[PDB]
Amino acid sequence: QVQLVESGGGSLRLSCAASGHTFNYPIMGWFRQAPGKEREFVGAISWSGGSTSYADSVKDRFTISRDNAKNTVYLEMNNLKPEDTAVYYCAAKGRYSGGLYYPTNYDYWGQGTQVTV
Amino acid sequence: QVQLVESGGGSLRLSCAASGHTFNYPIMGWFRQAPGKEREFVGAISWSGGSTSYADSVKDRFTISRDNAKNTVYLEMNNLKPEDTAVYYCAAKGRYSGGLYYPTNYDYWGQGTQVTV
Amino acid sequence: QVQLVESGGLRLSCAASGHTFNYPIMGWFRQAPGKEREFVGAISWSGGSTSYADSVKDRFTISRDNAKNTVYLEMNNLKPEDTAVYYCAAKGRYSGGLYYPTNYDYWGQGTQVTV
Amino acid sequence: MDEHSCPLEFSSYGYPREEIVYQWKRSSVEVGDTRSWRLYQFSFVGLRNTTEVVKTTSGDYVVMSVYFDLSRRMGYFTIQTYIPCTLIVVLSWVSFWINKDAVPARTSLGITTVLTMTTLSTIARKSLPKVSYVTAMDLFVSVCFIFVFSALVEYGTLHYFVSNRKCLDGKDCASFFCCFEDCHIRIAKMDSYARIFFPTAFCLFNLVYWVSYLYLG
Amino acid sequence: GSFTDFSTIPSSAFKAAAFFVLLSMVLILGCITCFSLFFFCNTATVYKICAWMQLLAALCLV
Amino acid sequence: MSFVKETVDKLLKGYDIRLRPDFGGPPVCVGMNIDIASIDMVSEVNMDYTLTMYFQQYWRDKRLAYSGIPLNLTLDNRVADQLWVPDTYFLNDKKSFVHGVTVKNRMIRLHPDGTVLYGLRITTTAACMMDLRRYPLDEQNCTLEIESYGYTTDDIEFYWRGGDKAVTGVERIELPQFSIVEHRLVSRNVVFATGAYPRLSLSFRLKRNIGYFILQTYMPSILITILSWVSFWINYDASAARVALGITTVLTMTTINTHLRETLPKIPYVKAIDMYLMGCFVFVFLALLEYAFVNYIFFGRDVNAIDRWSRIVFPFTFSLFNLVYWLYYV
Amino acid sequence: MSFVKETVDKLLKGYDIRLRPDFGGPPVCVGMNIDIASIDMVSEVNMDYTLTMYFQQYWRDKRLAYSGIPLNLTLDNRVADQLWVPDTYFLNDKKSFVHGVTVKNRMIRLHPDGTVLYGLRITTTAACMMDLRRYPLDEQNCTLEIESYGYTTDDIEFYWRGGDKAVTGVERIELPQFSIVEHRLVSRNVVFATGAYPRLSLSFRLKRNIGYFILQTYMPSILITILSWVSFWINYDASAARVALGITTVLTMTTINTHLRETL
Amino acid sequence: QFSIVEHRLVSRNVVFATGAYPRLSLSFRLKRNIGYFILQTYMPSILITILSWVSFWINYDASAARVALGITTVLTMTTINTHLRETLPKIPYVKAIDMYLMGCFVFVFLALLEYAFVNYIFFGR
Ligand SMILES: *[C@@H]1O[C@H](CO)[C@@H](O[C@@H]2O[C@H](CO)[C@@H](O[C@@H]3O[C@H](CO[C@H]4O[C@H](CO[C@H]5O[C@H](CO)[C@@H](O)[C@H](O)[C@@H]5O)[C@@H](O)[C@H](O[C@H]5O[C@H](CO)[C@@H](O)[C@H](O)[C@@H]5O[C@H]5O[C@H](CO)[C@@H](O)[C@H](O)[C@@H]5O)[C@@H]4O)[C@@H](O)[C@H](O[C@H]4O[C@H](CO)[C@@H](O)[C@H](O)[C@@H]4O)[C@@H]3O)[C@H](O)[C@H]2NC(C)=O)[C@H](O)[C@H]1NC(C)=O
Ligand SMILES: *[C@@H]1O[C@H](CO)[C@@H](O[C@@H]2O[C@H](CO)[C@@H](O[C@@H]3O[C@H](CO[C@H]4O[C@H](CO[C@H]5O[C@H](CO)[C@@H](O)[C@H](O)[C@@H]5O)[C@@H](O)[C@H](O[C@H]5O[C@H](CO)[C@@H](O)[C@H](O)[C@@H]5O)[C@@H]4O)[C@@H](O)[C@H](O[C@H]4O[C@H](CO)[C@@H](O)[C@H](O)[C@@H]4O)[C@@H]3O)[C@H](O)[C@H]2NC(C)=O)[C@H](O)[C@H]1NC(C)=O
Ligand SMILES: CCCCCCCC/C=C\CCCCCCCC(=O)O[C@H](COC(=O)CCCCCCCCCCCCCCC)COP(=O)(O)OC[C@@H](O)CO
Ligand SMILES: *[C@@H]1O[C@H](CO)[C@@H](O[C@@H]2O[C@H](CO)[C@@H](O[C@@H]3O[C@H](CO)[C@@H](O)[C@H](O)[C@@H]3O)[C@H](O)[C@H]2NC(C)=O)[C@H](O)[C@H]1NC(C)=O
Ligand SMILES: CCCCCCCCCCCC(=O)OC[C@H](COP(=O)([O-])O)OC(=O)CCCCCCCCCCC
Ligand SMILES: CC(C)CCC[C@@H](C)[C@H]1CC[C@H]2[C@@H]3CC=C4C[C@@H](O)CC[C@]4(C)[C@H]3CC[C@]12C
Ligand SMILES: CCCCCCCCCCCCCCCC
Ligand SMILES: CCCCCCCCCCCCCCCC
Ligand SMILES: CCCCCCCCCCCCCCCC
Ligand SMILES: CCCCCCCCCC
Ligand SMILES: CCCCCCCCCC
Ligand SMILES: CCCCCCCCCC
Ligand SMILES: CCCCCC
Ligand SMILES: CCCCCC
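Residue numbers (the working numbering), protein chains in the order written: chain A, 52 to 168; chain B, 52 to 168; chain C, 5 to 119; chain D, 16 to 232; chain E, 175 to 236; chain F, 5 to 334; chain G, 76 to 339; chain H, 52 to 176.
Any given hint could turn out to be false.
Derived CB-CB ranges, DEER-like [to be verified]:
#  : chain 1 : residue 1 : chain 2 : residue 2 : range
1  : G       : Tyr-224   : F       : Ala-197   : 21 to 31 Å
2  : F       : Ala-197   : G       : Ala-140   : 19 to 29 Å
3  : A       : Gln-84    : F       : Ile-73    : 54 to 64 Å
4  : F       : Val-185   : D       : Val-177   : 23 to 33 Å
5  : D       : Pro-22    : H       : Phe-107   : 31 to 41 Å
6  : E       : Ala-218   : D       : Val-177   : 20 to 30 Å
7  : H       : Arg-74    : F       : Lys-17    : 42 to 52 Å
8  : F       : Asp-26    : G       : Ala-140   : 24 to 34 Å
9  : G       : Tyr-141   : F       : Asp-44    : 44 to 54 Å
10 : F       : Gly-199   : G       : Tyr-141   : 21 to 31 Å
11 : F       : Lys-66    : G       : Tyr-224   : 37 to 47 Å
12 : F       : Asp-26    : G       : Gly-189   : 23 to 33 Å
13 : B       : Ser-108   : G       : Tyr-141   : 38 to 48 Å
Calculated directly from the structure, the hints in this document are not laboratory data.
Backbone N, C-alpha and C fix where the C-beta goes; we use that ideal spot for every residue, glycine too.
Produce the entire structure from the sequences given, and follow the hints as far as they go.
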């Protein structure tokens, strides 16, 4: 039972905070849905916050960090493109769940923050 | 990464010093390139320094040594002969690389030092 | 590297010097003129176990001590057939049976005894 | 001071009672020389055979069980824990007979006694599987710790109070019951009380403890 | 079931009953110790001390 | 007897052990249930737990359908090698085996409607990641994940036979240190690049019992801190007594910490028990520092005002710290 | 149903298990893929780490090509004895096994073109030498080396299928003390006397967490040292107090250091 | 630690209701080697016990010295006895070394009790 709240939205910094049984859902990731498009993978990060993995289409211009004293993941943006406009969602996944790139393996989703550039 | 520097070019004792992650590349060895003859294996010494291996042509005359004061690897050239003239290199090898006598297995190489006597 | 020096005209003694630990079991052999070496006895590193040949049972005994001279052979009930030179010998840890002399290395200097 | 009945059960894995039925032979279980058994820290008391029909999901299965009764031997722990703890608690009472003016001596005695009790308490829970509940020997060690702590606090109170300070066939309900009259700067006699009060209480507890586990446990 | 374990008592009412009987036993044992206190303290105070102790034990037991 | 033998031969004759029941068609549905014999070890140092169970699986194979025999043939276990069985495996397992005494603990039973029952007595050392940040005031989630290795949801389907009553025997488990609070059964379809794989999950929520730590850890520490408070009430000039009492309390605290953490499991990161023990250590250290201040100020160079403040401050501060600790972690 | 059975029977007929594909031809290009599940029990005393993974090998055998069956087969265990597979092994292993419950965790999948996929579920104990001269502030670099046993690079050529995306599931590892800072993939040819053998390598960088040690080990010793310093403010005339404080501080330091040795 | 003193061979037919069954036996008599115990476990206990006797020669008015000596030798004896439990084999059984350690503990306890007696009698009331 984990609840996610997304904040934020050239240089942006989203902060998805989690509350509840976060240890049961350590692998926390970011997706984005452009309007009229299917949801796509953007990034993922582990419990220790040192195992980031980004999709090839958003590599070298994104960053993900984590902190556990205040349970939160920060998505730090960089030089954007017009295609980056979308509703960005934050999700959590449990150990022994499956692959990262598919959204069905993620249980608890966020409300989604709109970003336009 | 490790950077290897050679000096000390009768008896002319060479000196070979390493800087960096020298632990990841424990074994270091001496090779020589003569004019017109490819690189050949002169000797090798391990991390502890209590074990060494020399080639047949140069056995019983040279004594490689290890001190670790400045990551130094001495050679102790002795009983020199005119045929034993060549640009000497000192190189480092990884823990799992294979044979000693083959230059291809060595990763980091020195610039080389010329000895003529 | 073990050097064996044995003495005896009766209590025969054998002193082993060097890396004696690598050659724990040590023993005594005999040979008379015109005859081949024959096993007399053997003693192990601990000293609590012994081995003797049938021909020298109940008569000759072997004992071990600390320090250097760790092999003593006590001789009782001598016979004219016992006239021979006796050799001290040492054997490695992982080697064959005691009875066979070729398994032994670092032989000692044979002491002559004539009843 | 615990007794146990270890079972050993067996049955057909797949064949229910309507397919295979085990049966004990007359005096089937044969114990060899009971002196030839490796039972240390435990004494064999006997055994017994049983049989039952267990209702599992697959079906009804005939289960045959042999129970072995084992009684623990309280020889190791009598010399390891019970006797040292009792002797340390006895040593705690030595302070009551030392002169009160020997402050460093009594303080060192009490605190080092507490330290020794702490050291002894560590080896208490070695053989057990770190059970949450409290066993007998743990309770004994805890009570001994409380006695030594109480003795040290008693001396502290004595030192502080002696050194750092200079209507119906009865009577008034308050005074007939409560003896507040002539009551108190008689703290100086506390050691004289403790010399009888601290030993005696321990004995009572000790007595009850052993009874509560030996004859009626 | 044993008083040492507190995950085997059927209900907290039994826990409270066992606790109160514990205090009763402790109080009566304390006065039995106070029997040995007569040599120093006067009787008129020691009898009162056990009177109060026994009354408290009675209240705990009831 | 001859009829049954010929029927069994006919069933096993011309049988392929290499095509799932209804190969070309809807996926085969395998209903599975477990009987937990015991949960023996729960190791935090290794972060796993040992579990013995009577795994049982049920499927329907029309190739093994027989008629005229009004009974459920419980065949010898070796026939499992001659029949198709699922490729089920435990995903979060580190080491497991099937017991083989007196024979291979295995079960094959062929009902006359093609329904095959397959049973195995299995011991598994399943991984259980743990969060010992509130240790010993912690509540873990251990799990067992069951999944098909080769086939996917389009070929094989898993479901808990009997709903929530599939897993039995959990109530009879008596763990020494933990207490089983709940068990949950979950069924999912994990999506992979190749396809969706069925999965089942059996999740226990263990709760640690704070009865050993309260008796061995907290009580000695509290009493030693109280003894430092006793050190406060001694005369200022009696330096030997106060110094010995304070330093021996510090030594006792170090002894408690060392022996305790040696006996307890070693987990290399911060735990609540460490914070409590270290708070007690800091308090006993502060007591001796307070005596040093008293000795230097007055005796070095009758009211003893610092002692008067300390007598009230230290018990109050320790009570406040104790309440903060027992509120934050409980 | 029987058609695929006779097809696989025909495939097995005329197949030489002892001979690799294209004995005289160019080397078979075999791709490796790994999906990690745990690096639990990174032992410092034994200098090894236990690793669980799912390990696919991917190659192309033309001898096993079939047509007329668009379905890709999953013919597994009879094929595990009746087909040639690479002789891949882990060089720095100390003890390893393939999980066997409920069935043997192995999978052979064939394709009409002749492509073969061979998946295993392997738990290994791979050696990892550690430089503890800066412990507990150390940073280690463990490795898993994968190599062909007998065949030389002119016969078998290893490569990381998918490039840097070959190894997956790195985010799933959660060790108590260490934290994976980086993972790297390398492909080399090691030159022995026999010849140049292929090699793949999967390296992890592990950074140790310091909080436990500073909480338990260092600044408690600092506090005891301060308690030793407290002796200087005590009056010089008092002898029992200062001597007792100093010697008991020495005893406490010895106890702390010795017990830290006893669990390290 | 051991030393084979003597070894024996036995051959016999064990009698049972089914019938006589052949049987052989190879026995060794192992003697444990002292020196890792007499120098190493017994000697420190004896030295600590001898140290406990030092209190009888110190003056009776030295309360702090004698009390500290007695209680600290008791503490050291408990330390030795507790930490030898993990040194020796973890087999709960009343061994001889346990009796020796218990005797030494009783002796140091009696020394401290003797100091209590003399302090109460000759110094206090
Ligand atoms: C943990 O510790 C371990 C050590 O214990 C660390 O391992 C080391 O990690 C390094 C990365 O951090 C690795 O570096 C990379 O090594 C590669 C090895 O490749 C070998 O083969 C290469 C060719 O292979 C292809 O060949 C052709 C290509 O067309 C085709 O057949 C195939 O495609 C083949 O795959 C080859 O280039 C490399 O080198 C040597 O070739 C011959 C050998 O006789 C000689 O020319 C040289 O000896 C040569 O190497 C050296 O010389 C060049 C000269 O320019 C120097 O610049 C080099 O520094 C070196 O001294 C290999 O034999 C490399 O391919 C790879 O190259 C890329 O990166 C470098 C560095 O930026 C660039 O210079 C290159 O241009 C290229 O972009 C890179 O060097 C180490 O191999 C690896 N060591 C071991 C023992 O495994 C590990 O990282 C640590 N990790 C953690 C997490 O802590
Ligand atoms: C110990 O800790 C662990 C930590 O992991 C914890 O694990 C979680 O436990 C909870 C239960 O407490 C699990 O939650 C449930 O999941 C059920 C299964 O969900 C899947 O299937 C849904 C469709 O149902 C079909 O599922 C299969 C398909 O083959 C089969 O059984 C049937 O065909 C069945 O119809 C599917 O919708 C769902 O998808 C998720 O994501 C999609 C979007 O991607 C979203 O649309 C869904 O809503 C869903 O979030 C998933 O794939 C699920 O059925 C169950 O639902 C109940 O809730 C609904 C309301 O949501 C009620 O209407 C219904 O009546 C049930 O009450 C519930 O959601 C969770 O999955 C575990 N975590 C993991 C990682 O597995 C343990 O519980 C802890 N235990 C203890 C004792 O402490
Ligand atoms: C000189 C003076 C002498 C006299 C005084 C001496 C000192 C005092 C000595 C003993 C009394 C100890 C007080 C005990 C109070 C706490 C006791 C307690 O925890 O109650 C639990 C109730 O169950 C439940 O709801 C489970 C939840 C329990 C949550 C309890 C909160 C912790 C409170 C922290 C207490 C702080 C004070 C400790 C000081 C010693 C019992 O289940 P436990 O937990 O055992 O295991 C789980 C179970 O399943 C094991 O079988
Ligand atoms: C039998 O096996 C073959 C071989 O794996 C399966 O073919 C695979 O088919 C899928 C679906 O088209 C391919 O996925 C595609 O990948 C490309 C490249 O990433 C992507 O651009 C496409 O959008 C699509 O996702 C897959 O690549 C292909 N396999 C290979 C090796 O190329 C076939 O589907 C299997 N049979 C059945 C019934 O699934
Ligand atoms: C195995 C040990 C056996 C020892 C038994 C030795 C016989 C002791 C019997 C006690 C009676 C006695 O000896 O009287 C001596 C003094 C007299 O006191 P005073 O009025 O002359 O000041 O008053 C005393 O009684 C001496 C003080 C006794 C207090 C002993 C405290 C230690 C005991 C603690 C455990 C209860
Ligand atoms: C010192 C004086 C004043 C008070 C002493 C009280 C003693 C006798 C009390 C305190 C705690 C008690 C124990 C508490 C729990 C149990 C478990 C039960 O299954 C048997 C009785 C037993 C073992 C009790 C025996 C009596 C006991 C030891
Ligand atoms: C089989 C032996 C069991 C152990 C029996 C107890 C050993 C003897 C203990 C002696 C206690 C002496 C206490 C000191 C005061 C007399
Ligand atoms: C096993 C026989 C019955 C129990 C024997 C217990 C002997 C040791 C008890 C410890 C001494 C308790 C009494 C102390 C009196 C001060
Ligand atoms: C004057 C009360 C008795 C003092 C004797 C010393 C006992 C010290 C123990 C700690 C008790 C602290 C209680 C709070 C007092 C303000
Ligand atoms: C007569 C003086 C001594 C009295 C002491 C009290 C009795 C002994 C209690 C153990
Ligand atoms: C270092 C601990 C002792 C410091 C005492 C400082 C006293 C100074 C006068 C307030
Ligand atoms: C060994 C116990 C203490 C020895 C004291 C020495 C006394 C000397 C008497 C002449
Ligand atoms: C652990 C913090 C203790 C602070 C006491 C003042
Ligand atoms: C901690 C108490 C300090 C008092 C200073 C007057």
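Here is what the structure says about each hint:
1. G/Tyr-224 x F/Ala-197: 21 to 31 Å: Holds, since G/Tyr-224 and F/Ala-197 (Cβ atoms, about 30 Å apart) stay within the stated range.
2. F/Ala-197 x G/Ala-140: 19 to 29 Å: holds (24 Å)
3. A/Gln-84 x F/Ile-73: 54 to 64 Å: Taking Cβ atoms as reference, A/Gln-84 and F/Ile-73 lie about 60 Å apart, which means the hint holds.
4. F/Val-185 x D/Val-177: 23 to 33 Å: For F/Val-185 and D/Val-177 the Cβ distance comes to about 55 Å; the hint is violated.
5. D/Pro-22 x H/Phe-107: 31 to 41 Å: violated (59 Å)
6. E/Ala-218 x D/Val-177: 20 to 30 Å: holds (25 Å)
7. H/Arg-74 x F/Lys-17: 42 to 52 Å: Check passed, 51 Å falls within 42 to 52 Å.
8. F/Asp-26 x G/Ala-140: 24 to 34 Å: holds (29 Å)
9. G/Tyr-141 x F/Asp-44: 44 to 54 Å: Check passed, 49 Å falls within 44 to 54 Å.
10. F/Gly-199 x G/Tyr-141: 21 to 31 Å: Cβ of F/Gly-199 to Cβ of G/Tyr-141: about 22 Å, so the range 21 to 31 Å holds.
11. F/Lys-66 x G/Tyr-224: 37 to 47 Å: Given a distance of about 46 Å, which is inside 37 to 47 Å, the answer is holds.
12. F/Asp-26 x G/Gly-189: 23 to 33 Å: holds (29 Å)
13. B/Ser-108 x G/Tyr-141: 38 to 48 Å: For B/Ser-108 and G/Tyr-141 the Cβ distance comes to about 58 Å; the hint is violated.
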